[PDB]
Amino acid sequence: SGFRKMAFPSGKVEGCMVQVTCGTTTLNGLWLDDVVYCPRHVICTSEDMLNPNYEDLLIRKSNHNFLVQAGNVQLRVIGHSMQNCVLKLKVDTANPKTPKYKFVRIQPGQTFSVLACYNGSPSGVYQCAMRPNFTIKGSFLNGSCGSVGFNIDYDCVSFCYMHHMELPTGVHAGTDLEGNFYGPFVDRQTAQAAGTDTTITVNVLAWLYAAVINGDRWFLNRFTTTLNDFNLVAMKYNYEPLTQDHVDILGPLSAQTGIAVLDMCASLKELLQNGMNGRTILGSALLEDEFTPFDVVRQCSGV
Amino acid sequence: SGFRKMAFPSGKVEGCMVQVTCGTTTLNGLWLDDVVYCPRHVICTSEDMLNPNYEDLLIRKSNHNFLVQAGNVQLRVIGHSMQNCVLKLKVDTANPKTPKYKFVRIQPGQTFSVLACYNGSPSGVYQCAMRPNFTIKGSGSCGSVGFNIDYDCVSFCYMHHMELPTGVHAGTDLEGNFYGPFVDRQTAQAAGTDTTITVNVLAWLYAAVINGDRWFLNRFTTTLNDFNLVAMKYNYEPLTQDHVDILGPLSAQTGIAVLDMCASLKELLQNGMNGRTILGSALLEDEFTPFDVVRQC
Ligand SMILES: O=c1c(O)c(-c2cc(O)c(O)c(O)c2)oc2cc(O)ccc12
Ligand SMILES: O=c1c(O)c(-c2cc(O)c(O)c(O)c2)oc2cc(O)ccc12
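Chain order of the listed sequences is B and A. Each residue of the first sequence is one higher than the one before, counting from 1 in PDB author numbering. In case it helps, PDB author numbering puts the second sequence at residues 1 to 139, 143 to 300.
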């Protein structure tokens with residue numbers, strides 16, 4: 001009963017967080033097996049930030065120029081390598097707390113948990129979505145770079161996000177764990193445009209299904225709609241187009257509530273065109289798009 | 001920057017969660033030192049739920065009637081005791097993962113993180129407030148615990164026992180005392196009229212200012228009493244001087260008098276937000292304490 005925006009249990013990731021210092025810059029790194037991963041801008045000074053040449057900057061660094069601390073333990077750096085926008089520090093000790101893990105790149109609209117850390121130490125954990133424009137609206141103070149986002153299958157941690165920077169708009173941008181940025185962003189201190197953001201339609205629909213599961217049925221109409229009529233409305237209201245793939249993954253929720261996806265779309269259409277008139281759904285006067293269909297099913301019997 | 005409803009890192013609590021089975025009822029337990037804590041209704045059968053006599057029910061149980069499994073291993077129960085509404089199952093093995101910990105009873109309006117578990121295993125973690133009526137709007144789960152973390156010490160403040168017929172959740176501290184007027188019986192039970200946690204809304208408005216959302220601010224002022232008259236009308240907790248005092252550090256960092264923020268909240272209550280949002284929400288948010296805002300900002 002009830003419905004919460006829940007994050008993954010963070011213990012498997014807490015045991016991987018280390019502190020990485022180079023020059024005067026300190027940030028968070030991810031220690032898995034015998035490799036520590038961190039944003040490459042750890043090698044930049046305040047005078048490099050405008051247009052750094054990372055290859056030239058890295059060439060002036062040696063293994064002993066990187067201090068990696070795991071709790072009260074210094075790790076010995078026995079090698080360094082740059083892969084896209086992340087730095088990989090080879091250390092002489094494998095992490096005894098290495099969970100089973102994968103590196104994954106996620107699609108826009110997918111969700112993950114973020115373990116916000118500061119100089120190697122966890123501060124908190126929260127659940128968020130990769131925006132359609134490849135940014136995230138997180139909580140990252142100065143010193144948070146290197147904090148990672150993740151999902152957990154059962155005992156396996158799929159790392160999907162590493163935080164690099166806050167854009168001038170206040171939203172956050174980062175890479176997968178191979179150093180490839182989500183979206184058009186580069187790790188330089190220049191103004192950079194994020195694309196026009198949209199609402200994740202399939203997530204709103206999943207969350208309306210969650211509302212029905214919890215008794216909030218007031219928004220349900222028996223009006224119906226075609227997929228393409230709905231998408232015309234979605235475009236007007238800056239919602240992501242709804243595809244058959246989205247309809248397919250909403251299947252299990254359609255079955256449980258006995259509500260055809262297109263009937264739920266017609267009810268969402270009414271919400272988009274008429275508003276909520278001061279009523280709420282699952283305690284919100286706004287339409288929530290940070291629950292995937294999987295998240296909703298998962299909360300209804302998880303672990 | 002940015003502002004999220006963040007939960008505490010849950011690792012120190014994950015290592016304390018075990019599975020407790022008695023009869024045919026299985027639920028979550030908390031394993032600290034050589035004691036496993038769990039709701040006492042684990043000893044009830046489906047025929048006892050309506051009006052159990054827990055002393056009589058426990059008297060018919062022995063140590064071998066409690067199955068405590070920590071991951072892949074059974075723990076040996078070498079004694080049992082009932083303290084108010086929780087069982088303490090003495091075991092022959094101290095939890096090697098016991099964090100530094102305290103048991104704390106919290107006040108209404110204070111916040112904590114919940115590690116929602118099912119039959120001993122974590123499902124997720126979320127941040128919530130103890131409602132003024134002592135219920136919790138949260139999400143096999145009985146025995147999951149709520150907690151705060153100071154630095155390396157876990158203050159356990161909550162254990163989940165039951166869902167009320169309204170769907171809200173109720174539970175105890177770790178000495179087994181219920182928050183609120185509730186009893187661990189399967190009967191209809193009223194929770195009091197809930198109110199909004201005023202001092203938390205004010206803290207969150209400070210967080211909004213810190214993150215750039217200043218649009219609700221005015222130089223219109225108010226007394227503590229003029230404000231509280233408004234607060235009562237909109238089902239808001241009355242604002243005390245203690246509340247004004249703990250909002251001090253936020254007032255000092257932002258340059259906004261507490262009463263100025265109160266007057267700004269007064270206008271929000273009387274006029275609504277008129278379709279505008281604060282920190283991405285169209286409703287006034289009351290699950291951040293002044294401390295929560297300060298530690299996150
Ligand atoms: O937004 C940025 C940022 O937060 C940091 C950062 C993060 C940390 O955690 C640190 O410790 C630190 O020194 C710097 O570096 C950047 C470098 C760029 O080239 C562009 C943008 C950023
Ligand atoms: O709401 C209640 C509830 O959820 C459970 C419960 C929880 C679990 O996690 C279990 O595994 C389990 O068997 C039972 O027991 C109750 C017992 C009462 O006397 C009154 C209310 C509840």
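The hints are simulated quantities; they were obtained by calculation from the structure and are not laboratory data. Note that CB positions come from ideal geometry on N, CA and C, so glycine has one too. Check before you lean on any hint, since a few could be wrong.
Claimed, not checked - Restraint ranges, calculated between C-beta atoms of paired labels, are given here:
1. A:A255 <-> B:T224: 34 to 42 Å
2. A:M235 <-> B:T190: 49 to 57 Å
3. B:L227 <-> A:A191: 52 to 60 Å
4. A:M235 <-> B:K102: 50 to 58 Å
5. B:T93 <-> A:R222: 55 to 63 Å
**Asked** Honestly, which of those hints from before does the structure not fit?
**Response** Of the numbered hints, 1 and 3 do not hold.
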